[PDB]
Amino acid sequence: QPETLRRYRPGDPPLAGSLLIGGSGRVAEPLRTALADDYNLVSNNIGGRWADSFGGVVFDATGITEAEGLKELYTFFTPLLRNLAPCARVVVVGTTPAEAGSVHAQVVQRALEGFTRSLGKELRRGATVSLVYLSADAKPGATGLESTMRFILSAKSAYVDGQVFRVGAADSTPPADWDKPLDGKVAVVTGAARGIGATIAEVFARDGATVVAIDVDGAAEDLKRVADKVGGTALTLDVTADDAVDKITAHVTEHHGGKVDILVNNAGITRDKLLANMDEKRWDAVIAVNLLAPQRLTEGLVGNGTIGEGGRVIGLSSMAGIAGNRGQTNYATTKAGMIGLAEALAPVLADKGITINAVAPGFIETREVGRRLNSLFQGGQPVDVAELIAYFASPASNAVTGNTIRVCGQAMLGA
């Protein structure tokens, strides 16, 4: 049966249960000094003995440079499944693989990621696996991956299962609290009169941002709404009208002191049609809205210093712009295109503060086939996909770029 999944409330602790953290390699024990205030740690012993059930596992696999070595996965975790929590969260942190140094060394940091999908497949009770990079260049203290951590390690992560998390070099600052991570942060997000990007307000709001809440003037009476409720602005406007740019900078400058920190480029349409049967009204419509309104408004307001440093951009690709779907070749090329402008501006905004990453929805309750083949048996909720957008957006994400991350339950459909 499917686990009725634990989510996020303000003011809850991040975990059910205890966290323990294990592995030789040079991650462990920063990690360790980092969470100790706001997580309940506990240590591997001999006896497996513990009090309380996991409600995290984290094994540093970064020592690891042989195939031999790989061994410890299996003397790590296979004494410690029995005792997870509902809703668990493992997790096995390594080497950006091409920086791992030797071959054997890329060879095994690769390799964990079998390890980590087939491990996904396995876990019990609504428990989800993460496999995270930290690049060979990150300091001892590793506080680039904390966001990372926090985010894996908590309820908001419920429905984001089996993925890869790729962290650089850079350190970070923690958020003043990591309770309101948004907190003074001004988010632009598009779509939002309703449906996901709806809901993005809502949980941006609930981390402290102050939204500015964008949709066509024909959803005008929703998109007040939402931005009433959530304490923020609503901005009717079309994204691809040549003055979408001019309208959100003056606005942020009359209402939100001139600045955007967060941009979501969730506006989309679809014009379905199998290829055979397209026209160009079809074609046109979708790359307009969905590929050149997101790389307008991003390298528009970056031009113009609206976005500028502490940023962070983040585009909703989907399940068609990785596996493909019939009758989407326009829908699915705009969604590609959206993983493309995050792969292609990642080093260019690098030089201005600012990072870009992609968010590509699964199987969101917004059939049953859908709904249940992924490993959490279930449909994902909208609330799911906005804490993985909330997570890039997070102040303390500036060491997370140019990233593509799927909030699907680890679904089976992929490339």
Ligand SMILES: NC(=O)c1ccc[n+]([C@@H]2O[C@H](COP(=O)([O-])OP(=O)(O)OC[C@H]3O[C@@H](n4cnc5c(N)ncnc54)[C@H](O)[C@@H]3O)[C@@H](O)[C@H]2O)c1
The other form holds:
Number of protein chains: 2
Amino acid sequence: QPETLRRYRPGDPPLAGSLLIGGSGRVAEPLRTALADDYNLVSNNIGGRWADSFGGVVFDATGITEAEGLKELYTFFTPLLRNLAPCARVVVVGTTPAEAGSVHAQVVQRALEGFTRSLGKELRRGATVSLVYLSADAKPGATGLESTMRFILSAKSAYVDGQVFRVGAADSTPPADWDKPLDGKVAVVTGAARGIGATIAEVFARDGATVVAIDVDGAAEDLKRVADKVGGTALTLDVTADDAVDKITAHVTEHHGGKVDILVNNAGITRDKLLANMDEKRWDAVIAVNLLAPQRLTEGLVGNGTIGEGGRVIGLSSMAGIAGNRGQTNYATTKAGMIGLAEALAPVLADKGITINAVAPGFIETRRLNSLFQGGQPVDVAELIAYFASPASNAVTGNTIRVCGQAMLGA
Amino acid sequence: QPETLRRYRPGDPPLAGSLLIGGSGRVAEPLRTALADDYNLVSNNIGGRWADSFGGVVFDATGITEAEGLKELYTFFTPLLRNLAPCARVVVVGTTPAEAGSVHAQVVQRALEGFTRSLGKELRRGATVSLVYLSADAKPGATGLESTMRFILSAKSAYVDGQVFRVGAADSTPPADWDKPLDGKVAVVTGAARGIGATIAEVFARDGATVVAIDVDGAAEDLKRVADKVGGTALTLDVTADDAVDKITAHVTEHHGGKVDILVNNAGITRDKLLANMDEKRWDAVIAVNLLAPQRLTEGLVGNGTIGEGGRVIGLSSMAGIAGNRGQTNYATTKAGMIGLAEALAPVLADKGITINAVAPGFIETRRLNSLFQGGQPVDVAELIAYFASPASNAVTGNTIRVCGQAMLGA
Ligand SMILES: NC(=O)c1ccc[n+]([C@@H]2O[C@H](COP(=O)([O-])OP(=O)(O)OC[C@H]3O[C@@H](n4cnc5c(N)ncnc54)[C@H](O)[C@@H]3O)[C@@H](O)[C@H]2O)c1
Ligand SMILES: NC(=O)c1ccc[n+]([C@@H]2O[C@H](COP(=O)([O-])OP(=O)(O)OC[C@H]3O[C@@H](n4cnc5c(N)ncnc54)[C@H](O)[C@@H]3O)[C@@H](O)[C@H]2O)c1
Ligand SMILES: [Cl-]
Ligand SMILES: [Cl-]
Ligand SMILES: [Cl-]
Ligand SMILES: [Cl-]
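Same protein, different condition: the form solved without this ligand was shown, now please give the form solved in complex with this ligand.
Let's see the whole complex now, leading with the same chain.
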């Protein structure tokens, strides 16, 4: 039977149980220190006695440098798995493999992904697995890791499973309130009149953001309703229009102090057709909306300073961009291009204090061939986007993370 | 209905039809020059008239630098798809995205993978798609690309579909005979008494190699039969033994002039068990054979000079190492570690003129959830390994290529 997944609501504790952090690397102790107040931390013990089920189990693998040392994964996890609660979170933290410092160490840190993806296919009742890599150059405090662990170790990550998160070397500052992490931020969401975009607006506003909801003229009525519901503003415009950057710039100058902290390139279309049967309009329309427009909005709003230091850009990719899909040579090209935008701009935007990442949804109820045996919800996608958008996620850039319940499909 | 795939046999032309090479980049013309004698090259024409079906179609995308330029994929391929023969080969050649020279160019070169993987899911009757990336620093002649194109553009690649090949900057020398590419090479194949290993030995010997077939004492009878059939030698040994490197070194010194040109780390075991139910022997045995032994044989034989300039190391990974598999936290860790060995040693071994790569088989008859709607054969795996082993594949290192018929499963 498919598990009814717990999802986030204000005031509900992050985990449905205790948090055990172990392993003998460089992140276990600073992570225990950082999470002790908001989580119910418990220590490991040889007797295998714990009053509560584990809501979260984190293994710090950053100290493993030899294949003989991989046995620590086995000895740590085997006594703990039967105490996992439904919808528990299992996380392994390693070192970015190319930075691990020796051939042997790079081999074992790379091997961790085989372990985590397999373990995810063994967990039951909605529990998920995650692999987080941390740069070898992060400071001892590992503050740049905190927003990633807090996203994973919460109900917000309910439909993210089997994924790899890649954290760089930079220190982070926490938001004033981890429960309102986007407080004071101005967020532009394209395609916000319906679907995933409308839910992104709601989750952003839940987290304290001021949302500029963008959609086409034909959706003006629904767009205003979304904007009013979230306490934000509605901007009707076609993202392919020549003056799109001008219009967004004028709008946030008029209403929101002249800046954009978060840009979500969510607007998109499909024109499905086998390539042998496709005409030019079906190709061109899809490239214009799904690839040219996100590139132009991102470069234009960074280029005129509207998005500045602390900025966050998130693009909507798709599993079709990663695995391909019959009838979608146009669409999948644009969604692989959205990954390309994150990967190509990440070093360029890092000089400006801006991150850029991509989310690749799988099956979103807008089904069963995944570890959670169910389809995702729009809120599950919006939560991953909000994680990237956090002011505390400054050390997370160039990532593509799938929100798919650990779907079988992929590359 | 599943297509009966054409596979390689000496004297059969490489393609089942003509070869059309197009696109306006830096590889179209030198590739036409290199392949003109052995292939039946035809030019594109606006009338759409060709006497024969296409056995191969190659599009050079290295000149595309702007998303508006991606339309060349559409205009080139749409008139050509209906003339593809059964088991045809479609290839797109691009530039390594991080080397493409501008943000816009990196975006479009990265986007090519969405296009190719989608097109593969539209081709019919056994035809396959491939994406090849070539370093921006390759010389105009693109000689380092030739062994990759010749593998793809042949029946040898029958079960390789949807994959990405990554070619570096180095020039290559062709073998004296592309139909006996391993002539004169000494190849060590572990686990060669049965299964995929026995077929690797046969394909290597077909291609002209002298094979050292390695397996355990209990398989001595079958091992000798394989060795005799391929004209090579049998070496009984357990690859986990302390003196394994010594014994291989002594064996090739006694019989094969003291050197190893090709090492295939194929021996492997499984001990499947849910991690919660697994004991220490099931973990340790799998790490010892599948990860520690390949690392030790590779580093030991490079370290004592038995594998030198021109050497080739190929490891057997697995789709389980990429996607994970229930009950295989031990096995999948080792198969992700085999990818880690290729990725970590590639820069170290490049200083010695040695490449190292990994092959990840999917479903090998030892089924239907792939683009070819059928399971692979051991020969299909062996052909991909022989491609890496070619003396002309010196510009191919650090690659992991799946042999899966474009399986739906993955990461
Ligand atoms: N299962 C899924 O729905 C799914 C899966 C993977 C990825 N995605 C991606 O997620 C995003 C949201 O998908 P969705 O299913 O909610 O889509 P949708 O079609 O329901 O909504 C997209 C919105 O974008 C708007 N839009 C389209 N073209 C526009 C333009 N030129 N200018 C401004 N607004 C424009 C539409 O009017 C619409 O309100 C898209 O980028 C889509 O490709 C969706
Ligand atoms: N479908 C598949 O068969 C499949 C799929 C993906 C990957 N692989 C990998 O491909 C390789 C070959 O698989 P296979 O199915 O042919 O396996 P197999 O079990 O049929 O044969 C492997 C051979 O290795 C030998 N071997 C095992 N331990 C050894 C040791 N310590 N020293 C020396 N020889 C040893 C065995 O005796 C056997 O002859 C393995 O690495 C396997 O993990 C196989
Ligand atoms: Cl450490
Ligand atoms: Cl169609
Ligand atoms: Cl060029
Ligand atoms: Cl079991």
